[PDB]
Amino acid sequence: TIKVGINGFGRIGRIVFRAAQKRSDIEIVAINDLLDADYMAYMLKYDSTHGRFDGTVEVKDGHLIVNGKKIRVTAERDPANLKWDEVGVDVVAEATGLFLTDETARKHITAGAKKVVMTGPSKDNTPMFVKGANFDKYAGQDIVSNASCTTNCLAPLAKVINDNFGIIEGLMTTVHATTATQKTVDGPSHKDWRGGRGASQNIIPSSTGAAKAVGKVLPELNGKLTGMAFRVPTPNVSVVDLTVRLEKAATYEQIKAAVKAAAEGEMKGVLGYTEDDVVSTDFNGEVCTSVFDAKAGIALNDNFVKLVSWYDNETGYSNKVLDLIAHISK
């Protein structure tokens, strides 16, 4: 199995840790964060969004024992001190959102680590990989990025719609759930004023680089996409609203049939399809990084349409983070 050491036990670090327990190829052997071992166990035991941990966890010797296995608990501010090799960490899940550049992220490899996977879009040119889109483009790089939860939702569906009718151009909107970066009441958000406003009281316009980033994972789409976000008061689960102009004419019945196909075949597990009357909570715990909502989407005509696809911005992304870890290791 692959030895993984997570850096940052936030929303992502914790959900990837939970999802890893159900896999046979991966082993989490260490956690680093400025969290006491007993606090780390509490944050893992109870989750407001996903329920109590389906497993056992105990504190011992300053470390944790989860489901019978010992996990190294550290509190290193400087990653280049983590001595990952000592527990045998193969790939480090860089989930602090703080070291999204090769220079910073490499401090992990300097620290006895083999490879590192950013759990967020890189700030430098570090390559991002989205499952169902550009995984087969991996070139043995030791540092990569799993992109963002949104790109993980857009790229897959974009690819299918593109390869089938050609996307002339498109504008994406993501009605996204509240995240740890926001405030409970109007607070300071220097780099983004709207972002510091009361999260539960507002619909907050926000900017995302996920539409553009898709032109990076699916080069054929370079320059054909851009968009924005609206942060709304929900704790988890978001949705993309993709407005596209189609090269090849196509009826809505045809667009569905092609998404469903990719869903049942080539894209199985990454892209999903449904014709039920779903709402956001119906996707809390969703592993498919992109679920196409047939009845929600609408077409003005055969070359201009709006498509809707759901995504548990926590669960899906967290699983695909693990798939990329497996991937670059294989």
Second form
There are 2 protein chains.
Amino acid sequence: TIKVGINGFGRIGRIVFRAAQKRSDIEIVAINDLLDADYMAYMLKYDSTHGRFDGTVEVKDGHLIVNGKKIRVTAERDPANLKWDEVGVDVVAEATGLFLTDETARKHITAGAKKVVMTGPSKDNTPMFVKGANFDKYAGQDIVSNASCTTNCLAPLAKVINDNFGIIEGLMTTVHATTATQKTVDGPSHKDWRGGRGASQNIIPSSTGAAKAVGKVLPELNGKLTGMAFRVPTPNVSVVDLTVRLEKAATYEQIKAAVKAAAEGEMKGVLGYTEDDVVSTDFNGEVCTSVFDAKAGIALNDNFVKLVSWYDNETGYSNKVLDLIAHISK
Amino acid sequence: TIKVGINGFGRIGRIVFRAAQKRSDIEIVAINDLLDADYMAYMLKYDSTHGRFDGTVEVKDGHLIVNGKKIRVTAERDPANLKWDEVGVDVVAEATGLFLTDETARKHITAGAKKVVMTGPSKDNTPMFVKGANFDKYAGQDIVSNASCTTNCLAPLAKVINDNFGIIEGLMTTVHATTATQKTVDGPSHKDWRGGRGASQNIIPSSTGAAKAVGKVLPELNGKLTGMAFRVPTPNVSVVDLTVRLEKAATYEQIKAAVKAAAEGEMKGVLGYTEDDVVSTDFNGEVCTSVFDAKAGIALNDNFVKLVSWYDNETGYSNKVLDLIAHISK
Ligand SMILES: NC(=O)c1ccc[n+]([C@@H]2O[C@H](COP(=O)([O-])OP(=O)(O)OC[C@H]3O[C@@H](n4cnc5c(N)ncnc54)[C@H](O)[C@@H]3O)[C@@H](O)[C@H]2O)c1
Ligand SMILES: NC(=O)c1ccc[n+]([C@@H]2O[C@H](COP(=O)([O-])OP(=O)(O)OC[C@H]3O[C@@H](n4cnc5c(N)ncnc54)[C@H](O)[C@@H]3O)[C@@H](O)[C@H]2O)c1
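Here we have the form solved without nicotinamide-adenine-dinucleotide; I need the corresponding form solved in complex with nicotinamide-adenine-dinucleotide.
Then the entire complex follows, led off by the chain already shown.
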């Protein structure tokens, strides 16, 4: 199997670990953060969002013992000091959010790993890969990114709408749930003033280049999309609101048939389709990175439409990151 | 196999149905509320608090088919028009919060049912039974009550404490989750001015009879306890705060030992014991009606202490309701 090492036992680092348990190809051998193996264990055991860990976790000699398997624990602030090779790591999952450039994330390879997958969009030219978008373009690069959560939701959809009706232009808006970067009450966020204001108290307009990034994963769409976001008071799962102009006219019943078909075939396991009266909680724990909501979307006419799709920014993305690791190996 | 009908397909009505699916002695044969079989099916398929129904459900002829079995659907507002006997209903789970007196609840007997179990404390002399307190005092009555979610938490604990060191007097406080009786924004609640205030915006002081009621199911304690509640912005899982004076002096480590023993034996399944740094969400879906939080409790001296216990006001209570049903059914 593929020996995976995690750096940053955060929301993504933890959920990636949880979901990694229901996989036969990958296996977590080591974890790094800045905590004691007893706190790390408490963090894995209880989750306010996805409930109690489904298995056993014990602390022993400063390391974890999850499901009877020893997980090496470290608390090194610098990635270059991780000696991942002492534990046989193949690919490293960069979930800290501090190492999204090649020079930063490469410390993992010089530390003994083989490849690295950033759990966020790269900040330099490091290639981004999206399941159902361009996984087929991976060219053996040793450091890759899995784009963002919003992109993993918008790319698979735009792709289907473009392949059937051709997208002239599109403007996206994602209503996102709160994340670890926000504040409980109005506090400092000097890189983004709006993002520091009380999360649970407001609807916070926010920026995102997830729409622009779709043109980089699907070049055909390059430059045709852009958008923004609204951070709202929910602990998880968000939804994208894409308004596009189409080349080849089509009725909603027709747009519906297109998505459902992809959802049933090529985009199976990535793009989903539903006609139910769902709400955000119905997706807490969802593995499909994009679930089309037939009943929520709306069209002004056969060439101007607003489509809506759901994504559990935590589980969907975390599962795809693992897919990318399996993809780039061997 | 006990056949049961549910009156009021609400939060408790619905969780009871879900809990019953894992039991082989109980069988839900009919359901009544004030809605269509298709809305009923939606209410059951999707739950914001406990996830998507874990099984199959379909609508047919105007009734539902859940897990290969057919459930009769009615929308009768007057319980006496239910003809429970047409489907062979043994016991009915009164879950509307509207028929909590023998008079109103007896209509279910008039309608064909042989026994009734109100999911709320009786409004009259109707006998209340609480698992871990007075189940063994059931004397064949046809109409009983499972008390409240709060009394089902306090009674089991108050008994281990009484039996071990004797309780002279106690005052209780329950930090309770929001319920269907509350409102989204400041609205009319003619019978509880505070309860009508925006649930999500306030810490709402509320009165309880759960404390006194403990003396009714544990006569020894009669008159020695009383209390109040605080309604806070959470969707589920509450906790009781018991401050008591003890006859026999006991260290906190003595008290814990007693609880842990009753929990690991005599009260196993009703009262639980933990020493972890738990929070409310860690109990969403908990079956034990009272989980003692060792680490949260505080003692002023060997005769004056504050004890803490957690309870999923939805899942534990709904499970014990099925317990009482199984109990009175012999
Ligand atoms: N939150 C989401 O829903 C979501 C979805 C997709 C992608 N992402 C991306 O994934 C990354 C993970 O975000 P997250 O939500 O888990 O955040 P998080 O803050 O919950 O987790 C990050 C973890 O990094 C640890 N850490 C900090 N400095 C470290 C260091 N020097 N060495 C090792 N560990 C260190 C922190 O203690 C923390 O546990 C971010 O870059 C984010 O942009 C987040
Ligand atoms: N909410 C809790 O956590 C909790 C815990 C223990 C006990 N209880 C008790 O259980 C009862 C259930 O409360 P709940 O939270 O499920 O409330 P709820 O409002 O969610 O459920 C009540 C259901 O009754 C239906 N109903 C109304 N009038 C009816 C009629 N004439 N005939 C049939 N159905 C009718 C409503 O449409 C609704 O679905 C209450 O009496 C409450 O005191 C509630």
